[PDB]
Structures are given as structure tokens and as C-alpha cells.
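Shown here is one chain on its own, the form solved without the partner chain, set out as C-alpha cells.
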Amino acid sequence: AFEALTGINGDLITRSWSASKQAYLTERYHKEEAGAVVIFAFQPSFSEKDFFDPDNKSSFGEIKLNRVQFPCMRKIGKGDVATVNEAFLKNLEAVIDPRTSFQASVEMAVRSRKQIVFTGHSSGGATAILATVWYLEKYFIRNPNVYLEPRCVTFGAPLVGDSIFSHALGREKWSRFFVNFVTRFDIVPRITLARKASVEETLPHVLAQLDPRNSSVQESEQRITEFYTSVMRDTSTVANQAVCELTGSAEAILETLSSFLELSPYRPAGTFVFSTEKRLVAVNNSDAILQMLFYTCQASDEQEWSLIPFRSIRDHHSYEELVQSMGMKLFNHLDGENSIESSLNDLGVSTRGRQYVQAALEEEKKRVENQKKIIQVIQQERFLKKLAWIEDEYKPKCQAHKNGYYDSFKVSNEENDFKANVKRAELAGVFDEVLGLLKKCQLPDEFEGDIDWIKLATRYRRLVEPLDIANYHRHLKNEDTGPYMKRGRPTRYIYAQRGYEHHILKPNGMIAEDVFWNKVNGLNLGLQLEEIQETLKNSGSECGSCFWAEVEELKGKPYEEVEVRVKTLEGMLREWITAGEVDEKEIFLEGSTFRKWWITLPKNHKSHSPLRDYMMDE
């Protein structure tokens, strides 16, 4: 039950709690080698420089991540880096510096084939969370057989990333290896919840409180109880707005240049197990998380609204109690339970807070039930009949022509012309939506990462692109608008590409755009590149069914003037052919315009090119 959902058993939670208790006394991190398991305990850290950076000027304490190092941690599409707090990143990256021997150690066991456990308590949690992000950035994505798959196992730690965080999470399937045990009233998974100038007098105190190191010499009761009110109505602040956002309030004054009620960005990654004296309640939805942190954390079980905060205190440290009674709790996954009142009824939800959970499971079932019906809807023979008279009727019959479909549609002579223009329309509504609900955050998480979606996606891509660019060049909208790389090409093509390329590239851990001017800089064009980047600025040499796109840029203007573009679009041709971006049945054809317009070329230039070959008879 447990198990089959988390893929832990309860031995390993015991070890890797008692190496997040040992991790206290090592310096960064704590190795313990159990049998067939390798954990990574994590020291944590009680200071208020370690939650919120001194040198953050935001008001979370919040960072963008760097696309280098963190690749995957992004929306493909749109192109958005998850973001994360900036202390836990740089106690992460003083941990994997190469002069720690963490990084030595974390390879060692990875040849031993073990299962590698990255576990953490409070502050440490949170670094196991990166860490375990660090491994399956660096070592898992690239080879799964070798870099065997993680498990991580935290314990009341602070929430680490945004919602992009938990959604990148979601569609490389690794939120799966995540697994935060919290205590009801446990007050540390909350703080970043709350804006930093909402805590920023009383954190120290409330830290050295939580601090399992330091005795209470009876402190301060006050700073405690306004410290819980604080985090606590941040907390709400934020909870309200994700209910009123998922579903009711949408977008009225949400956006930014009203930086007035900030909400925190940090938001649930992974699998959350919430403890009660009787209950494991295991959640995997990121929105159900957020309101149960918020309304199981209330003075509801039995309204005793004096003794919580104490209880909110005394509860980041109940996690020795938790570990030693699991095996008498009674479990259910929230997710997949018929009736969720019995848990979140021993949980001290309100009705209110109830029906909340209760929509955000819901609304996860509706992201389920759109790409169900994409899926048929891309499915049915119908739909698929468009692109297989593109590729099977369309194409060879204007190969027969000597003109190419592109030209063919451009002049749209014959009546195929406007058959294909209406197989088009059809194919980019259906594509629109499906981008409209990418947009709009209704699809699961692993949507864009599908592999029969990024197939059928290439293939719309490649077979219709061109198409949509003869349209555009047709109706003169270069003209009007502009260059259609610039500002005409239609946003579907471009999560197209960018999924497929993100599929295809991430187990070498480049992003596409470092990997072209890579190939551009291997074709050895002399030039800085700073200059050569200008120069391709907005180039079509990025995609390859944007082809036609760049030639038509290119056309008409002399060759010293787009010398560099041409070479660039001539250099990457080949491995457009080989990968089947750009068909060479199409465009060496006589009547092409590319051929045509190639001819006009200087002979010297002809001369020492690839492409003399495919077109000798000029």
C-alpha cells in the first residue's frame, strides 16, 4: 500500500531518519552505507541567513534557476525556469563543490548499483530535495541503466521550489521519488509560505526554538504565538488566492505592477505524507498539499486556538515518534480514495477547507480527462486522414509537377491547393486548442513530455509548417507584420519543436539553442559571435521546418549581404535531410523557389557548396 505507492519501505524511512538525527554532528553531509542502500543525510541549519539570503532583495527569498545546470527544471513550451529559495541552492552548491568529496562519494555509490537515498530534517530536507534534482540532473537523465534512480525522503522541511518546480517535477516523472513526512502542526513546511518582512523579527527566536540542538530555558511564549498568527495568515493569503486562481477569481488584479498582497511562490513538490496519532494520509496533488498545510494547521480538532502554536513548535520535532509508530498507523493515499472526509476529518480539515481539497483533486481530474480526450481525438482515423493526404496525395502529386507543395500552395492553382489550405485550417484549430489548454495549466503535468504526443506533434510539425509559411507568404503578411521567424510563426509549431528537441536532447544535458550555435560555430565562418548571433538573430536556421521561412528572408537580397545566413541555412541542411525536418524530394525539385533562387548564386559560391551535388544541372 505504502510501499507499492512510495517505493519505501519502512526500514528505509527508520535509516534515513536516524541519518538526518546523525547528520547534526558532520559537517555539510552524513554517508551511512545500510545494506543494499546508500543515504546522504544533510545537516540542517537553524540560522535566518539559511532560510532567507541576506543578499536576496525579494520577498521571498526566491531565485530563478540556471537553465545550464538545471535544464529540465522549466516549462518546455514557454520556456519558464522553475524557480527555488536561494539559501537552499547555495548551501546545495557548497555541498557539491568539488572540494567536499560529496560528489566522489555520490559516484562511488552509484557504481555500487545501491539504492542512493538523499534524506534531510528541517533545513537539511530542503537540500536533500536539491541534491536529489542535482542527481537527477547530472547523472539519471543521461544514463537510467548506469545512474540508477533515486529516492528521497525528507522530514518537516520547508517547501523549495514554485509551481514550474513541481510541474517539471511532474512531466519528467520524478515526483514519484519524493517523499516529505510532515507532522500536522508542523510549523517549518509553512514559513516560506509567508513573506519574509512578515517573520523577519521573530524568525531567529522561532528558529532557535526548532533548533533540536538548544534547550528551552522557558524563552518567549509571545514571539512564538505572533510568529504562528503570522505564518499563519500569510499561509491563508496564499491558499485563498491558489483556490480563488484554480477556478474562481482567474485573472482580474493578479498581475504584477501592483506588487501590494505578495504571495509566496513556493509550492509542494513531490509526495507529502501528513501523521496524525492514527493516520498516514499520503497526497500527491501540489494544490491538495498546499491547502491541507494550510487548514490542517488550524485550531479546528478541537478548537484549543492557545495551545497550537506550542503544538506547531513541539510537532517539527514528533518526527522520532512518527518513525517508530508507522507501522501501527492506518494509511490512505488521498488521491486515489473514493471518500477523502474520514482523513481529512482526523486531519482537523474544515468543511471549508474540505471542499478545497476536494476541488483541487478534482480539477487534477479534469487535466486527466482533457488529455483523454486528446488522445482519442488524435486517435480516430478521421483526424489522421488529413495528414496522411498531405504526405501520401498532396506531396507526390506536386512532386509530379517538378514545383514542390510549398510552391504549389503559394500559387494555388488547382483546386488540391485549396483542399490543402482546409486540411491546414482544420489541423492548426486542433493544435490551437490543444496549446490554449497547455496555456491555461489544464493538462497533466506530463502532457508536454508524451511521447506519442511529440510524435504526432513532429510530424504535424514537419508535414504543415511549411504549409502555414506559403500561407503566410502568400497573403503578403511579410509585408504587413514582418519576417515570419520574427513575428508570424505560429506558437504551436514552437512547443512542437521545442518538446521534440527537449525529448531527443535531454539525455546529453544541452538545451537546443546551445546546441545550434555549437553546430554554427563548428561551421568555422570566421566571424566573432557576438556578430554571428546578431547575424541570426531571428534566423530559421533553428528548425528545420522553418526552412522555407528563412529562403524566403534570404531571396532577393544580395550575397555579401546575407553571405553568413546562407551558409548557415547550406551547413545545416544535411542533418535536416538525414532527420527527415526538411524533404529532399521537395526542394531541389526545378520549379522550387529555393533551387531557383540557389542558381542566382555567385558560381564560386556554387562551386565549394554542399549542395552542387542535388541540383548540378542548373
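Residue numbers count along the first chain shown, from 1. Throughout, rigid core stands for the largest set of C-alpha atoms superposing within 1.5 Å between the two forms. First, how it differs from the form solved in complex with the partner chain.
- Looking at 515, 411, 384, 253 after a core superposition between the two forms, you find that only 253 has a C-alpha shift of 2 Å or more.
- Put the two forms on the same core and the Cα of residue 338 is off by less than 2 Å between the two forms.
- In the core-superposed comparison between the two forms, the C-alpha atom of residue 476 has shifted by less than 2 angstroms.
- Core-superposed comparison between the two forms: CA of residue 300 displaced by 2 Å or more.
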Given for the second form:
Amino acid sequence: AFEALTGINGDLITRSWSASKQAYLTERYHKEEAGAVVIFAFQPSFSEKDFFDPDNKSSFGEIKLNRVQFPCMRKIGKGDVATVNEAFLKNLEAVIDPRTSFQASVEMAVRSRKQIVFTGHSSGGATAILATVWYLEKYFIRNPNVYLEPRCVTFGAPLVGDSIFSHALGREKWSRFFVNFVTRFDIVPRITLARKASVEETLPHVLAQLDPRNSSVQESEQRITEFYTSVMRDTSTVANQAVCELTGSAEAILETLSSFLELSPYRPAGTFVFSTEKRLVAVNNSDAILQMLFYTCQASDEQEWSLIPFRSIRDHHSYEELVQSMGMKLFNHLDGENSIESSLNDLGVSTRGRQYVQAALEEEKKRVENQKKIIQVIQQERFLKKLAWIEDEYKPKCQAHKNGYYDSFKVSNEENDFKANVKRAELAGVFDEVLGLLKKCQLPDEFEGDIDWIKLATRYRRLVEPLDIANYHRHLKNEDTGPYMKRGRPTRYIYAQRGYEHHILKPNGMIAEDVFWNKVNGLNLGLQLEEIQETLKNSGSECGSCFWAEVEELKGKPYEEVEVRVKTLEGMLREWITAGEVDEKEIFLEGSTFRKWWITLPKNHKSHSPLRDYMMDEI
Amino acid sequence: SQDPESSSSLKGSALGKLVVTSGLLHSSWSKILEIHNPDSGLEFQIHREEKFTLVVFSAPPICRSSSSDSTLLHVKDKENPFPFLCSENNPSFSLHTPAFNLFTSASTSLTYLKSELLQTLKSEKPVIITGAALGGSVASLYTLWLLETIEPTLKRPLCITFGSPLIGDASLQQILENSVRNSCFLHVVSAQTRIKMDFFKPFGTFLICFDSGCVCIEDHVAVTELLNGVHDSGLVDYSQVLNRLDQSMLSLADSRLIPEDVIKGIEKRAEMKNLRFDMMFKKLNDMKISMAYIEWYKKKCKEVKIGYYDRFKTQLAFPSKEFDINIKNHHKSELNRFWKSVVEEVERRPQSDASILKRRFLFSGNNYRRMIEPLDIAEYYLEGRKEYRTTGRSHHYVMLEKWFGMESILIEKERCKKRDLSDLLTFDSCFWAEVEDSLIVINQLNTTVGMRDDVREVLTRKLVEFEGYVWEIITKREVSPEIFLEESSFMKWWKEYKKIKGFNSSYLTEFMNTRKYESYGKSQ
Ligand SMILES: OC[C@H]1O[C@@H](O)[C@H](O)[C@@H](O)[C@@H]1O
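Could you give the coordinates for the form solved in complex with the partner chain, as opposed to the form solved without the partner chain above?
So here's everything in the complex, that chain up top.
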């Protein structure tokens, strides 16, 4: 029942562990070729430098990922990039270094259609996690084969990424590739949950004790105990904060306290398997795992408290025993259990701790339910009719009046324009409601990647954002508040755009901003790139459904003042039309704001403009 | 036996442990120990740490007989240091006299300190104010004072008190219940602590400490149930209290520190607060949708030459169209429901929080009133009621006009001097009441048998008054052109007024007879 869930068998686990051990004896990494499988095991490190980077000035040695090298590791709508341990990222960087032959070997394995596996013990496991993401970003997303699917298997690995990191893995459906084995008391997966200042004095001694090759430094009772106590204290604060935050209650007092709290950003990423003498417990839910990382490493009696710190060290060296006794242990999948009491009791989880775990699991079930409700709404006839009416009745009628539905809405002279406004408002309510759930993380991680949602939201944005732009300028909000693109654009449209852009661009490895700016310089304006970015700051030309926002901002202005923005808008137009972002039946109409304004442009521009053959001047 | 712990019980536990393991209580109490021992007035010391700035307050010993001695503070009182803390519902509240007297007698050095602290918060460096017993009371008063004009974007200060007596009364409790300020207070008390709560009431969050752990209670009703007694208990040694909390963290005691029925209360009130939200995000969109429907309705009534005022009134008297019925029963009622609640919500918040909420609904509230109050007027007079403006206006309409009817009216009229007025909502939202009143005057003059000649002269003056009123708003372009729609109650008024005023002429008379109104409200 373990293999049909994790997608890995006892054979791969055993080979991964063997390679993980062998990695101790090599530079950076060890490659093990096992027939159809190629395993890359990474050398662990036990210096404090390799857990908290010395040059890192943050309280947890954390750093934001570069959006260029890890474009998927971010929130799509919100934009926020993921955060990882800097020391671990530097270690990955050191092995990707061309001189190590690591990348060449990876590419050799890809061409051979071999099953690629990344693995490691301790900090080596942390490197494996980052290497897997690197592989997923560089190769798998570019050509997703069943042959290209990696596997990541770790043993006693430190935590690596933050909640966004975990979220992004989930959205891309990459989380399934990750399995993290944790012996019950192992302190190493808990370490980075502590402030680096909390363990700055005792970490070097403890790491020396954790090092399997270091039987030199004499064991110290005091240092190990202080270390365990420090890690558990900070861990409890993180876990308790997560408890209060997950249920959405007491947001006021928590916000007040947030100014005075330093909590670790690091979160479980991928499946975690907790191990005891008699049990293997697999958990998928990151929130649930976070709680378990605290409550599984507690004392049973109050007499055992003196023993636990030493067991937290020894359990890091008990993965040999884990791997050898795998088939003899009882397995269960916590998330799928009808009752989680038995599993967590063997993991020594208290009654209160079990309820915290249960709440985390229930919250995910809520998110699934919320998505089901959304599907029911957007598939209803009464909902779809609103979009259909705009598309099949309102737009053609406005085209027949020769001014278009943007201009018709803006002046709103007829009952149909007021009817369009109602449907604009009603659609806004439904998409704002979805956005609200997303902002509060009350939908599954995969939601923004769901192609059915992306299809609908894209259809919505292209159809109705022009109307919301019209509404904005109709009520002169451009004069009161300012430009639509700067202070007026509804977040729901921004989410829709980014969800769409990510979907279509990510198999080609480029991001929207890069695609946009590459096209701008291709227009041959000759000006300095730095100068043009200043002019195109908050331009409506980055998104086809913002066509009208840009037109509004450019009309009325002298030509010299906004010459650059004009030629940019013209250069984006045909692709916008081809992609369906802009309707060609609308913008060139006689009564169209765009057409009426375009004619008033200087004749020198119109002659060699690509739009000359699509509009004729008046007489 | 026992049944599994409730949701709220687990929150208070986790929040309690979070506060304990945070080290905030320890660092606060240790600095408190320093100020009492390395004439008897208020004392304070400022600790400027790396993470934050800590201010410790120290006061003379608590006088027990002055337990329920209170000082009343009114918004009208110029000697009230907290005018922005008063609300419309509660224009006054009461404070513990010894605490308040210590606070005011130190107004000089506390004003100097306020400069530094506000500047500290501006640099996004958080601030803690703390004190034990009566020092904690003054510390709380000082925190309330800092929050009086503070920028809501800045990080909120945190006030931590240890074994402090109660500070405010029911009035202040009710105010802070509707304020962000309430989340700036952490009152640490021993579980053995009892307080006579006959006059003074708890506000803020309470951390109740047991030997085996602690729990955060925000529900002031629960705090009352837990801490109210017939005797004010003395100050305990919180050095020992915190010590037992540290030993609690390494304990396997998941005991339920809070009684069964107390939890029942906290939950029931929690669920009722999750609904008192009125979803000012979701319902907010529901409002815009209903307003959009009204605007659609208004356009349709215009095109059939009746106007939405009279069409509404007509369908109210004789319902025959489903669309019109839906407009009244759902969309109008939804808008009335919303804006009444908005008015109520503004009135229960302290002026500081209320002013923010008022700015958010300035324009939209003004637009709602001018759009919808006409419809309530239609119903009012259809029901045969009289003198709407002075005797019949719904409270929320009056408040909305009171708040929003003076500022935006200057900028909007600026635009309505060159622009077309087709979409203009009549500024005087009681316009139609004036029309209905004048119609009543005319009917009295026409039908009342044996009316005295002096009474007739009075009513005739009313007619002239209304005509002057009408001509004024027409000339100032402050009325919707839709009043001239041929089936409207205004055009009926004119027809009836025309018959009764006879051969005399006026500016309005020529305006109507030459049909100059057909060119009224055009661009220029
Ligand atoms: O079902 C397993 C779950 O694991 C989580 O880590 C992911 O975020 C979810 O998208 C996924 O559904």
C-alpha cells in the first residue's frame, strides 16, 4: 500500500540509502548506475557554515529564489517568489558547477530515458530536494514525459523551503515526486525551525556529534540538552502560531504580536514518512507535518525528558535500521485515514497535538470542498449565460451601431448598456469571491494551474475587463484616482492574466516580463533600454485586455510626449488580435474611441504605421 | 468521562503557549523588576533594544478603598485627553480615578515621550509599554493615548500588564469592542486573581496563568465569568508565575484549565461574530450589483416617460410587473439593509476608527441616499403619511447626509456646470417630498369646504415658497431632468399649479409654458 501512494518501492529506497552512504566518500556527489535507474546522491556536511551561511544577515539564513532560474517557484497571482535556505542553495550551486560533471551526467541519463533519482542523508538530502527542483525547472517542465519524472528520496533532511516553496511544488503537481524519511526523534529536520541565534553557540558541537565520521569531539550532556531545548522552544512557537493562523481566528492579536515575533519561514515540502520501531506513517499535508515535527519528538513520561535530547542525536544515525526493517513495519497513510488516533499514538503524539494535526488535515478537506462549490457555480447555465450574452448579443449589436461595445458602454445611452453593466457587476462578484478564497489560502494548491479555470478566467478577462475599464473612465476615476493601470486595475484581472501567462509560457522557460521587453526592443526604437522602461512604466501594453486603458491615457496628450507608447501599442496589436486578446471587429470601428483618436495623429506617423490600411481618415 | 476539546479551547492554549515561549512576558517582567529596585508619583524607564523599544511604568501601591472610584470623560469636555476614543453611541466613558489622575499629572513628561515613540514607530521599530498593578493601569491609559492619532499603517504598540486592576467601565468596553485598539492589550493575571467587577469592566486580551499553563481569553464575557469575585485579590509574584509557566512547557499536562460552560459561551458568541461580519467584501459586491439593477430600472422608467420615482410608486400601489416587484422586494431592501448596518457600524466605533470607515463610504453612501431615499418617500406618501422631511426620514438617511452631504457636493457641482445632466441624481434627496407636500397643499385649496381666508393665504404662501425652491434648483442645475418626464409627479404638480395660480406669470411659468425644460441640463 506504500508503493501505490508514494510512487517509489522498497528497492529504490534501499538503493537511495546505499548511494546516500556512498556520497560520504565522494566530492560533492556520487552517481550510482543501476540498470534502468540512475541515482545521484549528495555529500552531506556538518559545519555550521553549511546550515546558516555566514554572509547571510537574516535570522534563519533564508533567501528569496531568483525568479529567472526558478520561475515556477512562486505564487502566480500574487507574484511572491519562494524562499529557501541560502547555504543549501549555495551547495546546490557548487555541484551544478560544470567541472563536477554533474549536469553532463544528468543530461546523459535523460537521453537514455533512465529513471533519475536524487537522494541524500542529512544536508545532502536538502541538496537533493533543491537539485530535484532544478531538474524539474530545467528539463521536466520543458518536455514532460513519464520517462522524465524524477524521484527525490531524503533521509533525515533539514527543511529547505518556505510555505510558498511547498505551495508551488503542489501547484505544479511536483510534490508527488518527493519522499522524506524521518526517524521519530531526529533533531536535524527540526533544526532550521529555530532562530539561528537560538543555537549559534551549541550548533557546532551538535553537528560534530551528528557527523557519523567524527568520533573525535567528546560528547557533552549540557550542550546537547541546551540545543534540543532551544530547537523545541522555537519549534513550538512556530507550530502554535500556525495553529492560530490556519483556522483564521484571532487575526487581530496575532498581527499585533507579529511585530515582536521571529518565526522560521521553513515548511515541510513533499511527502514525509515518520518512523518508529513498529510503524511507518506517511503524511502529505505540510501543515500536518509541521505540527508532527514538534509532537513526535516529546517525552512520554516526565522521566524521559533527560533521555530525549540524546535520542534526538542517535535517531539521525538510525536510517540504516529503518531501511533494513521497512517491510516488517506497519504502514498507513495519515491523510487518507478514517481515524488517525492509532498512528499518532505510536508516534507519541499527545491528545492535544492530535487535535492540531486533525485540524490541519480538516482544513485541506475544506479547501477541496471550496473548489467543488466553485465548479458547481461556474458550470451553471445562469452563470454562463452572462458571458454568452455579452459575447453573442451585446458585442454584435454594438458593432452594428458602428461604435463598439467599449464606447457604447462608456456613454451608456441605451437600456442594453445598463444591462451590460449589471452583468459586469454580477461577474465581478463571482470572480472576486474566488479571489478572496485564494488570498486566504482556502483553495487547493493546484487551483491556479487548473486549465478549466484558466480557460474561463481568460474568457472573462478578455470579454469584461474592457467594460470595467470603460466603467472606470465613465465615472472619471482616471482624474480622481489616477491611471487605471496604476491604481485602478482590479486584482482579479491581474490574477487571470498571470495564471494564463504562466500556463502558456512555462513550457518554454520564459516569463511574461521577459517576453514583453524582448518584443519592445524588437520594435527598433533605438532608445536606451533604461530610458524606455521609464516611459513604459505601468503601461497598458503588457496585457491585451488592457488595450483600452492605454488608449485613454494616450489620447489628449501631444504626440512628442507619448510617441514611444503609441508605437509600442501598435506593435503589440496584431499578436493581441491573433491570440484573441483584442477583438478586430471592435477597435477600428468609425465610432471607436481608438479610431477617432488615431486619425488625429500626425500624418507622418500614419503613413508608415502598420495600422494605416485598417483605418481611413475623414473628409 | 470527557469529550474532545473544542476549537476555541485549543486556540487559547496555543496562543497562550505562543506568548509564553516568545519571551515577551519574561523580558517585560524583568525590566519591571528593575524600576522598583536597582516622591510617590508616576515613574517610567525607557529601554531601547535592538528588536523594539520597551517602556516600563511604575506607580505607588494600590489604594483598595478607591477600587470603584470613577471619573467620567465626555467627548464635549475639553479636558478629556481621549476625544477620539468616544463614539456616537457612547459619547462618554469612565476611567479608574487613581489611574487617570496619575496619567494626567504626568502629562508633560508623557507628551515628550510620545514624540520619541511615534517617531520610533515611524521607523518601523515596534514598541512595548508595560507595568504591574496600578503602573499597568497607567501603562494602559498611555497606550490608549498613543493610539489616539496614530497612523494605522504603522506597527501597533503592545501593552502588557501584570496583575493590574480594571481600568474602564462598560461604556469603554463597548467602544473598544468595536476598535482595533482592543488588540493592543495583553493583561496577564494569575488564575487565582479575583476582581470586583460591579462598575469597571475588562477590555483587551487576558492571559490567565495557571500552575500547569496559561490560556488567552479575548471574550470579555468569559473573562468576567472567570475573574469576577467579591474580593479584589492582591498582587502575586509574577516572577514565580512565569517560572511555573516555563516548567509547564516541559509538562505532559493537557489539563482543561477553562471550565465546560465557559467554553460554551465563548463559542456561541464566536459564531455570532463570524456572521456580524456582514461580509464587507462579498455583501459589498452584492450592493454594487443591486445598485446596478436600480440604475437599469431607472433607465427603463425614463424611456417610457414616467421616471423611476412614479413607476415605483405606481407598482407599489398596483403590482403587475415582476421586474419592478423584484426591484422593490430584493434590490431596494438589500440596499436599505446594507446602509442601515453601515450607519450602525460607524456609530458604535470610536471616532478614530469611525472616521476611516466614513471616508471609505463617502461617495457611495451619498449616491445611495440620492438614489434610494426617493423610493422610500414614494412609499411614505402612498401610505398617506405627511411631512416626510421633518417627521418621516429614516435615521440612516439623515446620518448619511449629515456625514457626506457637505464635502463632495462642492466638487460634483463643479463638473455639473458644463456636462450633460442625464445621469445626475437630484442633490436634495427630499425633493420628491417637497413635490408631494405641495400637491397636498393644492388639493387642500381645491377641495376643503369652508376654508377661512387667512388659512388660504398661508397655504398660498407655501405654493410660492415651493415654486421659488423649484426655480432655484433648476437655475443651479441641481435637479435631474427626469422630473420633466411627462408622467412624473412634478409635471402633475405643474398642471395642477397652473390651474390654481391663474393669470399671474413668473420665471418658472415662462420656463414651463415655452417648454424651455426640454433644453435643460444639456452640455455647455
Ligand atoms: O494529495 C496530496 C497533497 O499534497 C500537498 O502537499 C499538495 O500541496 C496538494 O496539492 C496535494 O493534493
